[PDB]
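Here we start with a single chain on its own, the form deposited in one PDB entry, put down as structure tokens.
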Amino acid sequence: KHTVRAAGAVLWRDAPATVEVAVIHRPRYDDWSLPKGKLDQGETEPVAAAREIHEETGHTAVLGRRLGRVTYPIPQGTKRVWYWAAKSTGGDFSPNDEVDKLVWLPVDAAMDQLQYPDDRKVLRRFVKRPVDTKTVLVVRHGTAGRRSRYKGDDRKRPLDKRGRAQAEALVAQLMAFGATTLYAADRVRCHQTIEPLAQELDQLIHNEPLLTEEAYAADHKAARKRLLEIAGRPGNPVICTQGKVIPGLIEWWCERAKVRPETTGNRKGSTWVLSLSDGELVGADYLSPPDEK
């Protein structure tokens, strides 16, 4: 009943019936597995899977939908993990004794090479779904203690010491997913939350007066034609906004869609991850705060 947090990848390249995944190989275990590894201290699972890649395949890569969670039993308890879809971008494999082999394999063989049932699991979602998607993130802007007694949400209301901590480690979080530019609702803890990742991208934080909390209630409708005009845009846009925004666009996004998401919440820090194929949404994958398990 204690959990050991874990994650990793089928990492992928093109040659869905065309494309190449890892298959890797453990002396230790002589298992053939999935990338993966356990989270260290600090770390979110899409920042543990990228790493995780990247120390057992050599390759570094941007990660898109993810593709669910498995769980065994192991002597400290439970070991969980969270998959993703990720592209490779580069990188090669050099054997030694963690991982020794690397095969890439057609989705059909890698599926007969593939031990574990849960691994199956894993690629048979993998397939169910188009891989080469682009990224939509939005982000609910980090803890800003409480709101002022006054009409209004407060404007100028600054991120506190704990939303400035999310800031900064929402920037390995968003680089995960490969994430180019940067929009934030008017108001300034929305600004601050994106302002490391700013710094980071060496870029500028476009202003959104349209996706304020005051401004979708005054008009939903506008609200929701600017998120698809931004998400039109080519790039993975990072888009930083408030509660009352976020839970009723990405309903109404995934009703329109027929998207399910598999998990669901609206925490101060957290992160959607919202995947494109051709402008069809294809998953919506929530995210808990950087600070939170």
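Positions refer to the first chain, counted from 1. In this text, the rigid core denotes the largest set of C-alpha atoms whose superposition between the two forms falls within 1.5 Å. Compared with the form deposited in another entry:
Only one of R155, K221, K151, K161 has its Cα shifted by 2 Å or more between these two forms after fitting on the core, and that residue is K151. Once the rigid core is used as the reference frame, the Cα position of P75 differs between these two forms by 2 Å or more.
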The other form holds:
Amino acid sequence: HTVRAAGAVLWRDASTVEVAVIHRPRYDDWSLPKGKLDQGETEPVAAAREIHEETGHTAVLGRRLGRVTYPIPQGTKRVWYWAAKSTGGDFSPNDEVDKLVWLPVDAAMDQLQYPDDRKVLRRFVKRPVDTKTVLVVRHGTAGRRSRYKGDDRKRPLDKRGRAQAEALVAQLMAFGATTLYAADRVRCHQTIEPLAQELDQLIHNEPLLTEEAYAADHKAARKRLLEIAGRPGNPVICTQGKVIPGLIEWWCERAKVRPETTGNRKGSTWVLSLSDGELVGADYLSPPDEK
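Alright, leaving the form deposited in one PDB entry aside, put up the form deposited in another entry.
Next up is only this chain, free of partner chains and other molecules.
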């Protein structure tokens, strides 16, 4: 059996980057915060939970730092790691962690004993970490254009898609979503309506980011993407299957960013990490009810 886990390089602004290293009595080891996925939990949601459970900090996830695989007695441990900025809380000793230290990255590398954690910290230092995040979401499942009676623009999410929309709230809050944009289609708006309620935030309607608009004027949609991305906060943009591959691929080619994963599924999220207006990460997340 392979055990699926997620964790983070939790860091704070000391005033100046310091990274958290945790000590576990059981092993007498120093490592990065991580833990197993609960039933129905996505990797990002688990990473955020495990930060809170092991360090007592609240954090916002940024750039994905790849995956590690190592043997355990039970078989194989597989862990996805995120950069995560502390936004609050404080260390409290718990059932697994008795000590936490905050170190500059060079001192943290020496403190970490496992090769796979040092691999992860090397990925963390290679690019900026004080990032802002654009979250590009394909709308949830919404049935078939082929069977819909009515204006197709009005076609609503189906039951599965409404569940994806509810499950995206925890997914997008883990990345500190703060502002909301949707293509001018009901199924796009309904996908981030639950997040809108959680944030008490209005969704801005985007006629330039529909399939029809994108197909006829790609350049207007690319400019509007960069305009949204330039605004303060972490925007969510919910759009359609025939828009997202083109925008992501165009931005990754121009920035020379290589996505480690890829897909275009209904309910999927691209996590675009920006530092000083430059793309530094493009992280594909499966739909919350897939994997």
